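The chain below stands alone and is given in structure tokens; this is the form solved without the named molecule.
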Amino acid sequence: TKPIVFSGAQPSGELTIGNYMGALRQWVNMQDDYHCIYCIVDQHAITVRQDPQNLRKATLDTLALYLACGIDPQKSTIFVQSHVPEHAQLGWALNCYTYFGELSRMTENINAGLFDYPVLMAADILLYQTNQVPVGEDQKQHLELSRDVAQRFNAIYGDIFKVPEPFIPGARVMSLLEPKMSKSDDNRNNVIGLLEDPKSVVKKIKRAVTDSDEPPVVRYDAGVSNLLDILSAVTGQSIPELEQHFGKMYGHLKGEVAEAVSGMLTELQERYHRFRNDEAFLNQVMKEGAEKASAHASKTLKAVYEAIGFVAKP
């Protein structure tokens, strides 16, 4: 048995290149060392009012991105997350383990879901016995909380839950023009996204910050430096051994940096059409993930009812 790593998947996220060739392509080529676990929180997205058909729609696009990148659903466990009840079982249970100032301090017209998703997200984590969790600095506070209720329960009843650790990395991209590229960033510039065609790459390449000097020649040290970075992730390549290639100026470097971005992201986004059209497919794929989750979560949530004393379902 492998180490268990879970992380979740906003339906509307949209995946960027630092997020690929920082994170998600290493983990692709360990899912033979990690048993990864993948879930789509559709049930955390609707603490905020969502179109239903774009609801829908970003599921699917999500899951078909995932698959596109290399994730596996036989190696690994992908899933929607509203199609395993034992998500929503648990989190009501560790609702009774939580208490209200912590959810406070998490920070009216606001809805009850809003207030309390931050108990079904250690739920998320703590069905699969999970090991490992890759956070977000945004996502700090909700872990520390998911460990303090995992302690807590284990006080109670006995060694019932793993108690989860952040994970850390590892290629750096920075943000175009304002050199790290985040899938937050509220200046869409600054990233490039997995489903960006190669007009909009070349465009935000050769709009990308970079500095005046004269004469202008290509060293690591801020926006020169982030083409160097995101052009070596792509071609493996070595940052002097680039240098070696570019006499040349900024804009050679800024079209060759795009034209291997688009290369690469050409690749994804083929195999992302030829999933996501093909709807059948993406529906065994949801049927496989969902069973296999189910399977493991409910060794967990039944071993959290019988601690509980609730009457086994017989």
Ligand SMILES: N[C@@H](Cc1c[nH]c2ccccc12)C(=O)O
The other form holds:
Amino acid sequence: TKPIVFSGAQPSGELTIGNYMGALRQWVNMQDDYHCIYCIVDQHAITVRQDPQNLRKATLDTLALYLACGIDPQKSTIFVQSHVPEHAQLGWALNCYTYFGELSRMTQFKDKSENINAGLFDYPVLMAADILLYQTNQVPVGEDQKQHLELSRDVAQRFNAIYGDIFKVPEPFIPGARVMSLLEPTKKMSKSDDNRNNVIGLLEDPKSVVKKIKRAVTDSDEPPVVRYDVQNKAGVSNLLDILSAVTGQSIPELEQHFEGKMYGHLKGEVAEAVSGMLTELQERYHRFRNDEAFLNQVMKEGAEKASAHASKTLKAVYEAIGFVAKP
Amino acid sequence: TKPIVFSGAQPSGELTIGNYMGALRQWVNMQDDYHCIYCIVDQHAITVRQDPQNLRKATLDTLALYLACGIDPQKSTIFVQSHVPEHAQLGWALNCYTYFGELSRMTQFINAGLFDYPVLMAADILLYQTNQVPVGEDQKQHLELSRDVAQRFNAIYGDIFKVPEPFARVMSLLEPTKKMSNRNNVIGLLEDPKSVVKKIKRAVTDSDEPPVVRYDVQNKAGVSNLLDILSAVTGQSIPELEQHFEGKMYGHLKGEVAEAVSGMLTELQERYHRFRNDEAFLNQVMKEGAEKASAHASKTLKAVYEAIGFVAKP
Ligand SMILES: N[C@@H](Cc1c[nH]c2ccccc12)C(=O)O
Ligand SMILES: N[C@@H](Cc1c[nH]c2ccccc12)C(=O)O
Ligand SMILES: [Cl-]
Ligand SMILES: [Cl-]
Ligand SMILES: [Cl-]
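Could you output the structure for the form deposited with the named molecule bound, given that the previous block was the form solved without the named molecule?
First the chain shown before, then all remaining chains and molecules of the complex.
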């Protein structure tokens, strides 16, 4: 039986080449060997105040972007969280099996903190419901969500001890390419960066892409030497890693290629490689994003697959708890 | 048209005549002056540890008992809370418009459900455009939170919610200064006439010599409470009962109270056992009640989701 993988996607409308070449692009090629579920978590998004029109548009942006990256709605389950009522239903039930102190001591809650709302406090529980609803075996998680996945595992184990093996206990599972910040090559490229000159978005205009890459930090070696050395030449190594990730050429092959050349040549090839990659992705993105009837059909079928799987686990949860079954 | 009243009923099943003749019986008679909604709140019940079988049984007990008292599932909306997903859905959304300090400052307030259930209660009420909510003094603070959250959300997004408003003296048989709510203080609605008469016989009375059937809450609390119970059941004003009991002792009063209470309870109990043992009938009531409740509630939930900025579920 295929492992079940659950991934939450904030409706931001933004991904970086780091997110894509590092995580998503590889997952696109694993949709046949895993049961991949992608959930656009608009219910988590409103734990911070959102402009309503931006939220709706960014939900569709994110959907069209995942489709353009290659998520196939036939092979995978992709949907909008609020379209599947089971997420909020199980979220409430798991509140009653979650300790108050488990939530009050979350780093995200103290790091987001009297002008705080209960959704910021409670969103770890909704996250646990998102995962446990689908008998999830694996969850891709960054270091910042690690504490949240641990709670989901603790709640699944706590519930199972009381009522039987109802939930699968999820595990972290992070498999690709190493993409660092353009002006700070010792820090991973992050979509949350304040300095946007460190980041290349998948939907960034190609003109701005070449500009940012030409600004990418390199070293003061005289004469310049294009070789991979992360400790001494972090900037040059980062550009080599990005170029290798886009073109498939190995680092040694690129080194021989740039023997005797300046860092400007490396930046030039990186810029046109990345720009070409974003050009292909953006052609697909605009096709999908300007056909909102297609997007609606994807959302409808995705939510129906999601609800059909999710309601099996919710019904088992309600039976164990002692709710009268819905006729 | 008719104002909407929302009432949450905990799945307990063991109501007293104080509950019935104080609140639920008048409620039953108001089903055509109001659009009455009765929600059996099993999702609130699990904020404290519940035995699964007892929770399931008590949910059905409450439904059968409310029907037996005269709640009409065609005139009113009666349903089990967990059968209507819109309650949890709006419950989560309203968490994001509730201050954490509002919940921590709650007097009644350990799992997160016990901390967060006031938000779910606000969702329960606001889903149905509720005008009035009958609340005990212990829930007054909860109702005020629901008003604050509704006004706060409306100020941000427009007038989506209606701001709700708050909407027979039966005392303990052994200590009549406290209300009937030690089961010897209590007369349950599902209590056989033999048990009812025995508890009423043990009801405290004064020591006036000669004993007098007169209403006096200061000096004759026990006798007055018995006159209150009889007045509630028969419909006779207390002064009429005083004239009727002139020259009679407290044994005569207690015998009349027992006969009247048991006569009322045999009607309710015959209906309760007919409904309670008919699983198909209860399933039909819960099914139609959930469908009515969801159709009403989905209207508010869809407006909330549209205002907030969610893509509408296609
Ligand atoms: N909290 C996650 C989003 C999320 C919700 N549910 C999830 C389940 C798995 C992974 C991520 C998620 C984030 O901010 O990124
Ligand atoms: N918590 C309430 C039940 C309830 C839930 N939601 C409500 C809304 C209105 C009135 C009561 C309720 C009680 O214990 O009685
Ligand atoms: Cl990131
Ligand atoms: Cl460097
Ligand atoms: Cl009471």
